[PDB]
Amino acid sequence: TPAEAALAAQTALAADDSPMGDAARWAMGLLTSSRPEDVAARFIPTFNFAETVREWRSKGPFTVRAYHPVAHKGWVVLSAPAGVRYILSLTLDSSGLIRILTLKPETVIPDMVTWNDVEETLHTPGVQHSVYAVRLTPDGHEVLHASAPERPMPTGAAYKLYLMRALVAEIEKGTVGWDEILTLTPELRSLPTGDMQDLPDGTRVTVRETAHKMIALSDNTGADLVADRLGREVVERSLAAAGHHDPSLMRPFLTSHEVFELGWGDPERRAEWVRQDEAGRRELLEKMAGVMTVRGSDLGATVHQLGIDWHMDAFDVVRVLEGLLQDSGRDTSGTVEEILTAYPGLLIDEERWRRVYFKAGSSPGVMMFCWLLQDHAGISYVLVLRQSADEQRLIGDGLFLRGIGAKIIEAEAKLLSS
């Protein structure tokens, strides 16, 4: 019941002995209590805020109604006076320092009974969306639901699933090794999502740990370190085998650093990209090589419509995940499996699901989430959710699309395995 649920969340917040626990409690403290050095110590070292906090506080008093810790990400649902609800969102770095802290109007998602509930909840005028849900079988895929799976859409960090398949293909060939050392240079540093950019120049990291962060933290710097080591040609030549319908859509296969620098840097360089063919684009990227000028404050305008993102259809996503499941099964060391299952993006019912793979991607005007879920008998399902728009405010921070995923998965007995 509502009272039971709120009490359960309050108690769990209090009890949560973890990085998210400590951070969520401290943040709630900012809100419910009556010191800029204590603040500096709780946030990332590269992290106005007192003004922000005064405004948050003005909306209370707050009551905790739900608490959803999920590794380095957490959400707390709050009620304020007169039944108005908000969500406090936390994203942490690898040692539990706060990277992102927001307090925003509540994201409302109903419990789902039918796939039409999903569609009618999700639809937003001005936003293109797509929902694709399948059951994998020896004899092909059973379609459970489909809206526009055939439309190629931008998918942000979903591209890292192809980068991982490319990496595994080369490990199998023996051209790269899991314990091989990669080195962070100023030129290889990208923007968040991720934590590896916060490492010193010259930092030495294994391929294994870099690939782990590339997937589990969607580490952009991690991804770029891997893409650099493999080479753009090796990444691109792999796309056909890894499951992509039209590899020319992702050529040249961009790094995250390239998407950031091209998308929100020099407008003229960006016009030249639009004008150019594949040769001219490769030449433009080569000249753009160097230390980033673009910062996170620069982002906002949409550029995916210019090809400055990573485009694939829903079928492409199913194929790459199924390919990863096969790749993992071949890897007797369990290295691939550990990387893929580190971060499921949600609290999972582990008694139901033996393995869950997950990947999110986002850019201005772009949001996507995908899961592969396999039960203890061996039956696999894949869920692919995508949104694109010409205005970022139509999409928002992604809690909506992720929460729709969560509700589908919560109702798996109705929607996936009925």
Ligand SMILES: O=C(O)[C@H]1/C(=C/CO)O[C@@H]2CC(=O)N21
Contents of the next structure:
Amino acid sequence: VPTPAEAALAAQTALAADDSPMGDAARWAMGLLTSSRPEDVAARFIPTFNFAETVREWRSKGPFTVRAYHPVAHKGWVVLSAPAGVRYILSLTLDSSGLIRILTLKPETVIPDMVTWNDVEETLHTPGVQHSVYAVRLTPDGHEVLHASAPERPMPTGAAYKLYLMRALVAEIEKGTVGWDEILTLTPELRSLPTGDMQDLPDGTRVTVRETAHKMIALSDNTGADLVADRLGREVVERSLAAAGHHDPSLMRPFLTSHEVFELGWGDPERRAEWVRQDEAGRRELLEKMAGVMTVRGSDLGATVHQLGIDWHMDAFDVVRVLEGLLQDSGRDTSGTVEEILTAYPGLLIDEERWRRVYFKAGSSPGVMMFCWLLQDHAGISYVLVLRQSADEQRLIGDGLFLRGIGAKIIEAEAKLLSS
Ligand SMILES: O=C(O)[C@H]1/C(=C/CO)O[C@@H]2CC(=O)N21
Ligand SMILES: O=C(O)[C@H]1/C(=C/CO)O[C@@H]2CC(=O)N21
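Target state, the form solved in complex with the named molecule; input state, the form deposited without the named molecule:
Following is the full complex, with the preceding chain placed first.
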């Protein structure tokens, strides 16, 4: 088991040797912090990306020593020690060609090693935050509950809704009303905000249903999700919540697009008061009227709106059901297309000798964080873990490394917590 000096050395060597988009970006960002030029910056970041002042302030906190390095596809984390035992984390999020979309340097997110489920509960609890943890083993005859806190509580789940969108899509593929190689087309009206990269494509860009669905899940691409929802139609997306496991489908009807959550949640306050006042008919009518090119920008987001219904609400059982349904859908798809999409991005570095397959999905919105995994071993034993937080203030939740890291520690301690 690596001692402190061993782990920091291994992290440092791995960062230097990491021949990948994350390795390239992580090494470059570390150089900004440890060395002594607007063109080289602009070339490292997304085209639509103050920063000089940001970097100056970062550098004032050093010198930094690399203590841990956690590359995970387009997401990365570097744990740094500064003078006097003070630790920070550098977080990277990349686009599809390895340009930096998000780069932060923040106080360290501390997650202790978990021995018991009570460790989990006591670590996670935050006054003013509602949380829920649900862990099950799936069996032919129902689910064995390993741990449960508030699974029956419906909570906002952000892009976890894209699990239902995926199931709706597979349902239509099986019916032959849509094809994996059918072409979807990006239009101004169909463009949404990040998470994702597809919004950065030119108007009129032609993309397959397959690659759109891949990015919708793997990159949580909001524009990719909105492209699929547009192609399927809202009625088809909705008329599948009942089939695909949902305790109260009325909570997601109308089943909002990401464009719609963004535009309604952070646009015109009167239009938002109209939603709150309206019944299902008036809300469908409001959304039809709102249809068009977004006016809301990422800079407008902040206040929480999930408490108004402007999010996607589900209970922990619903999340287990849709993941279990996806497992089944994947198994029926002899082409492996569904499986490849579901497994591309497991959200963590996974022990592949232990786990044959891992599905993952996150959701986040102001005041909302969630992570869920389905992990199946090589004997075919499946576990699902569902972690959720909601609050009236986004600062009580933070950037989601906490909740993800809790999952990470649970999964690390699987022989204690999951498979004991
Ligand atoms: O895909 C991920 O891992 C992203 C995400 C996407 C949800 O929009 O939300 C959580 C917060 C974060 O960085 N995670
Ligand atoms: O393996 C872990 O402990 C956690 C972590 C914690 C940050 O120090 O970073 C990686 C991403 C994640 O959830 N893992």
